[PDB]
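Quick setup: one chain, the form solved without the ligand, written in C-alpha cells, and binding and motion questions come after.
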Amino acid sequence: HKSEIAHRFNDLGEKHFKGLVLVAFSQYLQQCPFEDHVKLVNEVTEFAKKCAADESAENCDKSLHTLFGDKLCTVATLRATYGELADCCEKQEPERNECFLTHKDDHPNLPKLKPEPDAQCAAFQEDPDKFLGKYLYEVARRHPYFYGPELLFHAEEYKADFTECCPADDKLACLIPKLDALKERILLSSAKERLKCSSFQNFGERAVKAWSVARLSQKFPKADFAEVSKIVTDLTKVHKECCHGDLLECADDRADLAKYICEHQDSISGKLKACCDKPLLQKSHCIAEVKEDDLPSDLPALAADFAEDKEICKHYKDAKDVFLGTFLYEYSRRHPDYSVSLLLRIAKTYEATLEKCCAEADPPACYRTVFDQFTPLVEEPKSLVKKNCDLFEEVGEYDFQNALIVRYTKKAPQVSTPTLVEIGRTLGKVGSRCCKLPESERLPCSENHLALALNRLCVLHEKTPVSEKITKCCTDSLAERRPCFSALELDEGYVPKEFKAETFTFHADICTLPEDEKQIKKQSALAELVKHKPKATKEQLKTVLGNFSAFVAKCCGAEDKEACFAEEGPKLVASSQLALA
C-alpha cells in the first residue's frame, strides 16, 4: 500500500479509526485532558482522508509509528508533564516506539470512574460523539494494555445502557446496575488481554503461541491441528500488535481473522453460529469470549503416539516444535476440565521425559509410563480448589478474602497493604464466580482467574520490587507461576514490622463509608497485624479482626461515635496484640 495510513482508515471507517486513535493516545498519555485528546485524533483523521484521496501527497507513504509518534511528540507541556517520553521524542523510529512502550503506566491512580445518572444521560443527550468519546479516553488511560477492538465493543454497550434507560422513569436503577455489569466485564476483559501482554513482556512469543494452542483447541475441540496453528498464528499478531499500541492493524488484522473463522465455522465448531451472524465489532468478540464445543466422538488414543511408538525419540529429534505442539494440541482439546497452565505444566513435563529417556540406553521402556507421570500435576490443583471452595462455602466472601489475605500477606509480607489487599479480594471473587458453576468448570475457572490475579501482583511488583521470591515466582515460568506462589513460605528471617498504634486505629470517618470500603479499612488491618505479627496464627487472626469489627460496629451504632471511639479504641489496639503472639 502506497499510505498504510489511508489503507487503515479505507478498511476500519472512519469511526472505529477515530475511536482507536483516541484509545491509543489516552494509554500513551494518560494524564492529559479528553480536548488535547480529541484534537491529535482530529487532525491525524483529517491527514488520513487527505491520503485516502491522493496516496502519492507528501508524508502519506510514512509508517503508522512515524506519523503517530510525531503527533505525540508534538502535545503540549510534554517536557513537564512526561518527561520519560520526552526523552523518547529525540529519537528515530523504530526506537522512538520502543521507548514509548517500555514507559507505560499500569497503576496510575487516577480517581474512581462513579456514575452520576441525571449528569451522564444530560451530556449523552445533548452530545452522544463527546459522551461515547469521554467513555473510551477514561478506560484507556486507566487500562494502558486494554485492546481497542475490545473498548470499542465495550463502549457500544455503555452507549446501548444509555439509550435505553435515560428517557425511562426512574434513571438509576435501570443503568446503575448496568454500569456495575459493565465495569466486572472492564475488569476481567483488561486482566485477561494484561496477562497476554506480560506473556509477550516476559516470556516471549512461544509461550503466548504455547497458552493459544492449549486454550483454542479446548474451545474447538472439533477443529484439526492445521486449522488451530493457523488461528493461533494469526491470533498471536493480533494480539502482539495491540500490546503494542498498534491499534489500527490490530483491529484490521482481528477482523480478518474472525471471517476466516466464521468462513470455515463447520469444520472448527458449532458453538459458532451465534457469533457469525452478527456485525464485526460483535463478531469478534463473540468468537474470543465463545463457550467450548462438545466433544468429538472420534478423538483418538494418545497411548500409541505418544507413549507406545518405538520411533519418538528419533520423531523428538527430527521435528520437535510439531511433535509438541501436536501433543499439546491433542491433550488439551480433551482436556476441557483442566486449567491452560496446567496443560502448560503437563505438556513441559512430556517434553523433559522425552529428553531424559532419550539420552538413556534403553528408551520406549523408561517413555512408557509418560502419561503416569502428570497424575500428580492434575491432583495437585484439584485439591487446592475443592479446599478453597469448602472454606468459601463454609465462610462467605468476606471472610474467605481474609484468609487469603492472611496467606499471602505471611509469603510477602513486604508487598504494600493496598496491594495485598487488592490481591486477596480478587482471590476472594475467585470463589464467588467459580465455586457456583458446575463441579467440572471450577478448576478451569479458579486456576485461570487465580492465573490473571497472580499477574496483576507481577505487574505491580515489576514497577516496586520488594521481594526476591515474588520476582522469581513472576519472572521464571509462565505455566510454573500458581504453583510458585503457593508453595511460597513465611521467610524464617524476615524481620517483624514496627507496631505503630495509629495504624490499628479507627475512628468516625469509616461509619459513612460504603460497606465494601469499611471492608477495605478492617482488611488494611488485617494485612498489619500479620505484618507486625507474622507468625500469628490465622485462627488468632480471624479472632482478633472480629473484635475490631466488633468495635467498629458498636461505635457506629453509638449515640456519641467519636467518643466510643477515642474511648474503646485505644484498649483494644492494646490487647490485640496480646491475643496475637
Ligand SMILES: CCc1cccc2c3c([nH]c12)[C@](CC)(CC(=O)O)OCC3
Second form
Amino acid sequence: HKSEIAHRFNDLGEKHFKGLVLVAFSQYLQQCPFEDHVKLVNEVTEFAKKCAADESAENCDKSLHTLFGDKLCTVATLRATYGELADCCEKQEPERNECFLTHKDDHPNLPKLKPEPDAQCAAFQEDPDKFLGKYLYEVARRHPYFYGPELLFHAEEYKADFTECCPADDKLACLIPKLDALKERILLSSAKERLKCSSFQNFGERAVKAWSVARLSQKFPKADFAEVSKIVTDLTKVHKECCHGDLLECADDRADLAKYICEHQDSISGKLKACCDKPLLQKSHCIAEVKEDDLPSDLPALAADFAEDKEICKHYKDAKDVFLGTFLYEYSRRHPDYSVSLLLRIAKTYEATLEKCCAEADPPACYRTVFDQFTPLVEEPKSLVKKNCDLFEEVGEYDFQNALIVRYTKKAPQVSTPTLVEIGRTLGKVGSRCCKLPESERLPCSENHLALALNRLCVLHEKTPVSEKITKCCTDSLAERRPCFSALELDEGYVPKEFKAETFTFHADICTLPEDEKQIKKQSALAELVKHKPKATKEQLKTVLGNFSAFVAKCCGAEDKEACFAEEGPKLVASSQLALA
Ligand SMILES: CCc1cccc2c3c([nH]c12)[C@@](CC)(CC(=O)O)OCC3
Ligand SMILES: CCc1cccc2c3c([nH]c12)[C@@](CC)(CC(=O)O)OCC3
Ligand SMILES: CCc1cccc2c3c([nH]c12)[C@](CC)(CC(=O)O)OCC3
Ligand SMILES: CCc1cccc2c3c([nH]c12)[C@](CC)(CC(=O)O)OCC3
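Write the structure block of the form solved in complex with the ligand for the protein whose form solved without the ligand appears above.
Shown next: the complete complex, the earlier chain at its head.
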C-alpha cells in the first residue's frame, strides 16, 4: 500500500487503532508510566490521520516497523531505563525490530494489581476512556506476548463489569467474583498465546502449523483437508504476526480469518452458529474457544491408505510433508479424545516407522502393524490422568498441589522456591479444571493445560537457567515435553541445601493473610524441606507439613501469638529434621 499506516487506520478505525498501538508500546517498554504512552499513541495516531488525508505526504510511505520503531526511540530516559533497547535504536530495519523482540521481558516483576472497588469505580465514572486505557496498559506490560485484539476483547468484559457493579448496592461483592473470573480467563488466553510464540521461538513455524493442524482437525472434523489447510495457513500467519509485534497486521488478518470461518461455517462446523452472530472481537474469541463438532458418520477407514497400501514408501518419499500432513489431519479428526501433543507423538511414530520400514527389504510387511505402535503411546498418559485425578479426588486441590511441589522440587531442586511453588500450584489447578469434566475430555484437557504450565516453566528457565535436565526437556521436542518432565526423577548428584533455621521460622504476620497467601507460605516451606532433605519420602514430607499447619493453626489461635511462634517454632524445626531422615 501507498501508506500502510493510513490503510490500517482506515480499516481498524481510530478506537481499535489507538488501543492496539497502546498495547504494542506497553509491551515493548513496560517501565514507563501511562501518561507517557498516551502521548506516544496520540502522536502516532495524529500521523496516521494526517497520512489518511494525503497519503503522498512526506514519511507516510514508511513501513509500520520503521514508524513504530522510530517512535520507541524518541522516549525520554530510554538509555537509562532500557539500555538494552537503546542498543537496538542504532540499528536499521528489519535488524532493529528483531533486536527489539530479542530484548523483551517475560518476567518484568511489576507490583501485583489489587482490585480496589471503591476507587476504581470513581476513576471509571470520571473518565472511562482513561480508566479502560489504563487497564490495557497494566495488563499488556505484565504480559508482553498477549495478542492485541484479544486484550481489547477482555477490556470490554472489564468495562461491562464496572457498568453493572458501580451503580449497584454493594461494590465489592458484585465486582470481586467477576474480576477474579476475568483474571482466570485472561491468564488462560495469555498462556495459550505464549505457547504459540514460544513454539515459533524454540521450534519454528512448521511446529506451529502441525500443532494447529491437529487441534483444528479435532475441532472441525467435518471440514475437508483443503479447508483445514486454508485456515491453518491463515491462523499460523496471525500467530506469527502477533508474536513478532505486528499488531496492526495481526488485528486485520485475525478479523479476516473470523470473517472467513463464519462465511463458510456450513463446511467447517455446526457449533459456530452462535459465535458468528456476534460483534467483531466477541466473534473471533468465540471461534477460538468453540467446542468440538460431533464426529461425522462418514469418516473414512484409515488402514487402507496408511497401513495396507503397497506404495506408501513411494508416496512418502515423493512428498513427506503432504503425506504426514494428511495422516495427521485424518487421525486428529477421529480422536478428539486425545491431547494435541499425543497426536503429534503418534504422527512422529508414524514417520519413524516408515523411515525404518522403507529402508528394509520388504517394507509393506514391516509397516502393516504401524497403527499398533500407537497403543503404548495412548495408554501411558491415560494412566497418569486416571492416577492423578484419583489422587486429586481423594485429597483435594491443596494436598494435590503439595504432592506436585514435592514431585517437581525433587526433579529440579536448583529451581527457585517461588517458581517451584508457582508451577506446582498451576499444575494442581489442572486437576480442578479437568478431573471434574466428562471422562472422555479428561486426557485432552489435562495434557493441553499441562503444556501451558510447562511452557511457563520453560520460559522462566530461559531467563534464569539452573538445570540441564530442564533445558533438554524444554528444547529437544515440543511433542515430548510432558513425557520428558514426567521421566525426570531425583538427581543423585544434587548436594542437599545448607540448613538455615530462619528458612522454616514463622511469625504472627501469617495469621492476618488470606487463605491463599497462607498456603503459599506453607508450600514454600514444603519446597525448602524437599531441598534440604531430597531423599525424604512424600509421606514423611506430608506428615511434617501437617505438623507445620497444626503449629500455625494453634499459634494463630493463641492469646499471645508471637510468644507461641517463638516458643513452639524452634521445637518443630529441630524435630522435623529428624522426621525427614
Ligand atoms: C485489578 C485486578 C485485576 C482484575 C481483573 C483482571 C486482572 C488480571 C490481572 N489483574 C486483574 C493480572 C495483572 C494485570 C494478574 C497477574 O498477572 O497476576 O493479569 C491479567 C489479568
Ligand atoms: C505431522 C508431524 C510433523 C510434520 C512436520 C513438521 C513437524 C514438526 C513436528 N512435528 C511435525 C514437531 C512437533 C510439533 C516434532 C517435535 O518437536 O517432536 O516439532 C518440530 C516440527
Ligand atoms: C481466529 C480464531 C481462531 C480460530 C481457530 C483457532 C484459534 C486459536 C486462537 N484463535 C483461533 C488463539 C486463542 C485460543 C489465538 C488468539 O487469541 O487469537 O490461540 C490458538 C488457537
Ligand atoms: C510443513 C508443516 C506442516 C505440518 C503438518 C501438516 C501440514 C499441512 C501443511 N503444512 C503442514 C499444509 C501443506 C499444503 C500448509 C502449508 O504449509 O502450505 O497444509 C495443511 C497440512
